[PDB]
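Quick heads-up: it's one chain on its own, the form deposited in one PDB entry, in structure tokens.
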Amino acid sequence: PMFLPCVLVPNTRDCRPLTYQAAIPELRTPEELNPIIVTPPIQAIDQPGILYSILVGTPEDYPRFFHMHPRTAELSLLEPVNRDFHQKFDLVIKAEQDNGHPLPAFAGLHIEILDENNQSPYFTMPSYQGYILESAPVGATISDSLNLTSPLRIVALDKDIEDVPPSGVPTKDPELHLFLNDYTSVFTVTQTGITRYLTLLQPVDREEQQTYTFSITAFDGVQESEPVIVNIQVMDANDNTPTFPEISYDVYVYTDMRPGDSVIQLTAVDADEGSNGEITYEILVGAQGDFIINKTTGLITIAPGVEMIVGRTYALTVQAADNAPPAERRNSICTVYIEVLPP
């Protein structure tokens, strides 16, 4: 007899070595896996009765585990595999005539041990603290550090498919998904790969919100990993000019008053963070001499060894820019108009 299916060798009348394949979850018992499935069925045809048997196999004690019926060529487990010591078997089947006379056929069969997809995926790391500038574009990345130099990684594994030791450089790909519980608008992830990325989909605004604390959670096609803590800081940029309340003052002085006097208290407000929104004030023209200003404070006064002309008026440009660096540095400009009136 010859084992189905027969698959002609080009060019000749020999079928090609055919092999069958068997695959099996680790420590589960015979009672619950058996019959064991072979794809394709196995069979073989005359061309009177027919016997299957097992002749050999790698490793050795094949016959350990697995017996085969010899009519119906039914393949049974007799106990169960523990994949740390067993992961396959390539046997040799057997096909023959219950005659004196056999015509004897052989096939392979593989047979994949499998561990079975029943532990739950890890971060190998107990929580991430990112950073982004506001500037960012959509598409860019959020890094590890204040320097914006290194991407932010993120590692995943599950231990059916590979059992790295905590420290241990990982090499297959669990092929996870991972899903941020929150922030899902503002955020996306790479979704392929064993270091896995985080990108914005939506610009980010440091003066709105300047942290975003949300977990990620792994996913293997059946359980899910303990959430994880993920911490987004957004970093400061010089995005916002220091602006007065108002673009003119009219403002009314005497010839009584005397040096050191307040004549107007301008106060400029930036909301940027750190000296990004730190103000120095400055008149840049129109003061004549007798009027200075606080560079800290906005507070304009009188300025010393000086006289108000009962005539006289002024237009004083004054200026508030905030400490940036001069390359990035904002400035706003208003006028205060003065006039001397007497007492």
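Numbering follows the first chain given and starts at 1. If you superpose the two forms and keep the largest set of C-alpha atoms that fall within 1.5 Å, you have the rigid core. What changes on going to the form deposited in another entry:
After superposing the rigid core, the C-alpha of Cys15 moves by 2 Å or more between these two forms.
Relative to the superposed core, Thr267 undergoes a C-alpha shift smaller than 2 Å between these two forms.
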Contents of the next structure:
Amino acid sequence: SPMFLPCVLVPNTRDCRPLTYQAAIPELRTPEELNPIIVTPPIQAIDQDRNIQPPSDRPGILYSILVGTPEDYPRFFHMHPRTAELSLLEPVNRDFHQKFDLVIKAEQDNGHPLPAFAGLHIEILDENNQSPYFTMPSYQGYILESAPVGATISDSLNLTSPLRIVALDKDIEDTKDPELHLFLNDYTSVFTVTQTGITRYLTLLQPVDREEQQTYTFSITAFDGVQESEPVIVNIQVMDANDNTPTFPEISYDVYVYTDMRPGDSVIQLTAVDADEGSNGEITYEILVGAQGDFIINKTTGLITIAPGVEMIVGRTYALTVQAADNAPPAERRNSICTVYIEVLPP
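Next block, the form deposited in another entry, ref. the form deposited in one PDB entry:
FYI, this one's just the chain on its own, none of its partners or other molecules.
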């Protein structure tokens, strides 16, 4: 006799469409967090005649859950008899409960129950409740300092394959992009990470200079819109290019020697500078021409001395063209020239 609202007319008839009220419940959230459970549309039954006039208070209607499936619903739900307010009693685990289908009873309390019934369907919702994660505990990358902007960080010294950063999330099914946001905690003006895909890569925003900074250490944090991952730590090694030339302090050197000096005496100590790494910075000194057999230089020290079995003479002048070269492979080798002007003087 009472009718649930709304009465949706069945066209070409005078009948109300049977109602199935709808509710949805986020898995694992507490009654405190969720109550009261919002029902769409709101549950409500009214009386037909007499109540042609303003009902105001005291509807005289009692609500209850008549029956439901699965049968443990009483464990999770309670309905208030007068207000039909739906209360969750315990958090719901979707692994065990995906849905409930209940039957709602509405009857009068005057002693003459003429029950009415309606459906109530309750979905248990999956939620973004798993933190994203990286599939490696850390990441080691390599980049050649001569790499241009846009270059991809490599995962080995060979620089043959890109550094792969895989960020997953258990809320997202396999082989599907979890659409995570990745935060870098440092060097965001130097490196950037690709912004889509299950596998991410690191590329250069700015060129890097090994001679300026040879290593970068920072951490990446994934974010799914709700929870962050643990930060994962990253080290990037900048690899040396032979992009520095062995350099003398000056273009030419004026030096005087003396007649009483003999084989094995320091004439001048030349020192060139190469900031590159290892053999790329390893300098070799050579007199190309001009010594006339009277002077030699130490290949590794750069010290010029008197040649063996050689005696100075008073007026003699020399123009030594001295080369400093690094020990990179010939294809990448760099060098520069210093001219040493030597003049013999009396003591």
